[PDB]
Structure formats: C-alpha cells, structure tokens
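J.: These are the residues of each chain, in order.
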Amino acid sequence: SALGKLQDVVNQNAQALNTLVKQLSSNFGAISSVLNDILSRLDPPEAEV
Amino acid sequence: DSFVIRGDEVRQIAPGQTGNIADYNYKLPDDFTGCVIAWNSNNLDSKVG
Amino acid sequence: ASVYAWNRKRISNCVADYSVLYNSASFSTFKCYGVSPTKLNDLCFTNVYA
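Chains as they are written, first to last, in full-length UniProt numbering: chain A, 943 to 991; chain B, 398 to 446; chain C, 348 to 397.
What the hints contain is simulated information worked out from the structure, not anything from laboratory work. One or more hints might be untrue.
With a straight-line cut-off of 25 Å between C-alpha atoms, the simulated BS3-like cross-links for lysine-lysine are [claimed, not checked]: (1) C:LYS356 / C:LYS378; (2) C:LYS378 / B:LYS424; (3) B:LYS424 / C:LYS356; (4) C:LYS386 / C:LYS356.
Label-pair distances were calculated between CB atoms; the ranges are [stated by the list, open to error]: (5) A:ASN953 / C:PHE374: 19 to 25 Å; (6) C:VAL367 / A:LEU966: 37 to 43 Å; (7) C:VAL350 / B:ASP405: 22 to 28 Å; (8) A:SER974 / B:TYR423: 28 to 34 Å; (9) C:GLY381 / B:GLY446: 23 to 29 Å; (10) A:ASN953 / C:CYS379: 45 to 51 Å; (11) B:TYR421 / C:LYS386: 27 to 33 Å; (12) C:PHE374 / A:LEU966: 37 to 43 Å.
The beta-carbon is built from N, C-alpha and C at its ideal position, and this holds for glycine as well.
Can you build the whole structure from these sequences, using the hints too?
T.: As structure tokens, this is what we get:
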C-alpha cells in the first residue's frame with residue numbers, strides 16, 4: 943500500500959469509464975436499452991419518444 | 398385537400414397512422430400542421446341504387 | 348370461446364406472413380402496442396399466443 947495515491951487515481955478513472963460504459967445498458971424507462979431494437983420494432987412517432 | 402372516404406377511415410387522415418388510404422391514397426406527414434375537417438355527407442354522396 | 352374461458356393457442360415453428368393481416372380491410376381495429384405493424388415481417392418471435 944505504499945503507492946496508493948497513484949493507484950487511487952487509476953482506479954477512480956477506470957471506475958468512471960466502467961460506469962459510463964455500464965450506463966448504456968440502462969433503458970431509462972424505455973422499452974429497451976438497444977437503439978436498433980427500437981428502430982426495428984416501432985414506427986417513428988413512438989420510436990421518437 | 399378535398400376527398401370523400403368512408404366513416405371508419407377518418408381516423409387514418411392523421412400523422413403516424415397505420416391504415417389503407419394512409420398508405421396508398423393520402424398520406425399526412427409526421428410534422429403536419431393544420432386542421433382536418435370531416436362531416437357526414439350521406440344526403441349528397443349516396444344513391445339508393 | 349367466451350371471454351371467461353378464452354382459448355389460448357400456441358404458435359411455434361412457422362413462417363408468418365402478416366402482410367395478409369395488414370392488407371385485409373375486414374378488421375375494424377388493427378392496433379399494435381409493443382411493435383409496429385409493418386415491422387412484423389422483419390422480426391423473429393417465440394412465445395406467440397393467440
């Protein structure tokens with residue numbers, strides 16, 4: 943644990959990137975989190991929503 | 398734009414509708430602005446034969 | 348069947364042409380909720396129930 947200050951910065955940046963990548967898996971109230979599924983399932987008036 | 402259709406087909410003169418005269422007779426855009434006007438014309442556009 | 352004893356039929360292992368359902372004018376109401384009616388020929392399904 944001598945080099946914890948640099949490893950803390952590396953872990954924080956990697957965890958922020960992992961969280962940002964993980965946030966694509968959330969649908970945020972939509973029917974799906976995949977854009978291609980919405981564009982292939984729905985008409986543009988509701989796919990727009 | 399004036400035409401004569403059935404009584405159940407007046408819901409298809411609208412943005413974002415699926416239907417028959419919407420696809421092959423008269424299509425409205427999704428960003429349509431204006432007013433659709435409909436009134437019964439059984440006394441004028443109908444014959445007993 | 349009646350609505351209290353509604354009949355459930357499984358649909359599986361078939362290729363389905365929904366364009367004869369869209370182009371028929373015999374249905375007074377043809378309203379889809381989780382899917383567009385015109386995209387039904389482009390997708391694959393399981394657990395189809397009537």
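J.: Against which earlier hints does the structure fall short, listed by number upward?
T.: Hint check: 3, 5, 9, 11 fail, others pass.
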